[PDB]
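Only one chain is shown below, in structure tokens, and it's the form deposited without the named molecule.
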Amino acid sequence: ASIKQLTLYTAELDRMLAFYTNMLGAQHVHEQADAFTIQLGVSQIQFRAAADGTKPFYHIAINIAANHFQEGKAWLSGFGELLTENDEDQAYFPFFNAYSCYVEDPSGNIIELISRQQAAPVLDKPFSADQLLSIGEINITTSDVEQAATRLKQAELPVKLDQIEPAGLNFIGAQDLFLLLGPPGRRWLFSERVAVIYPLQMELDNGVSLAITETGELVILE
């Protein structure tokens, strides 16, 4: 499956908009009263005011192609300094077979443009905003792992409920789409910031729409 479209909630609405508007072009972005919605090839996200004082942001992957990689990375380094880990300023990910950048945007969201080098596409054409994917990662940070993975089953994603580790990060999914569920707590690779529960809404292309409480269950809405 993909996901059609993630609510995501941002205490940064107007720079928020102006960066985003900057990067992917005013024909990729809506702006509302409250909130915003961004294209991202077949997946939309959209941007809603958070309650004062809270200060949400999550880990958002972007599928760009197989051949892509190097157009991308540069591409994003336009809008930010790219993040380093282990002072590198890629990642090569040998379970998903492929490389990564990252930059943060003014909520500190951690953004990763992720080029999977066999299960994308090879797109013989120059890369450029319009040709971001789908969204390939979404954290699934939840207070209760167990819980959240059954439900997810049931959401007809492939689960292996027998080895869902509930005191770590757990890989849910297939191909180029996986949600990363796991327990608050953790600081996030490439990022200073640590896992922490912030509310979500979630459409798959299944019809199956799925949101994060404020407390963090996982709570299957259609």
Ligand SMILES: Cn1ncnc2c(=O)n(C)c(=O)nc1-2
Second form
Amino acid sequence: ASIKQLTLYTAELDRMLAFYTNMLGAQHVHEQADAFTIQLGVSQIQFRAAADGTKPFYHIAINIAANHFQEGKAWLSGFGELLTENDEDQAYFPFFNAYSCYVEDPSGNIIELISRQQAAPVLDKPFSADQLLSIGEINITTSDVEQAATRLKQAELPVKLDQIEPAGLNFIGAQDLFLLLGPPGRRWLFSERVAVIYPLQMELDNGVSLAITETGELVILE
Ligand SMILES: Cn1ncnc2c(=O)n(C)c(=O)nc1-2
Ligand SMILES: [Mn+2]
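Mind sharing the form deposited with the named molecule bound? What's above is the form deposited without the named molecule.
The next block holds the full complex; its first chain is the one shown before.
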């Protein structure tokens, strides 16, 4: 399964627009009324203006070819200081057998480039903005982890209920797509920001559609 559409909010719509227009190219970013969309391979993200008094941010990982990590890292570093953790500007996660690259955007989103060494294809050609494959990860920060895992399982997603941990982060998915299901509070790696509940909507490849309210409740829309 893949993310076809992702709806996120932002308190820096104008700055966000310029940032991504400069990063992805005018041919991948469409400005709309009080919102704009960006194209990331087979995935699309619409950023909508956030409600006053709030400054939403999320953790978004973008898939890139197994052999494009170094190039992706260099490309990403041209748009912002690369984030570090343990004084390292990149990380290797053995569970996903992937290398990841991080940068913060104007609204404080943790933008990540993830290169899956075996779960992503090898593209014998130069990396470029046009080479972003799709959304590989998105955080589902909920006020009730067990309830979300349940409804997600009901939505027919790969879920091991007896393995879900309410107080921690839980990887839900397979192949090149994982939902980072967890509670608010914990600091995000490569970031000063701690997990906080913010609304969002998501439409998957299989027609499944779900949203997270401002309360943090996960609810299957479709
Ligand atoms: C546990 N874990 N595994 C993989 N990737 C991450 C990650 O990107 N971030 C931001 C995070 O807080 N935790 C992670
Ligand atoms: Mn990640």
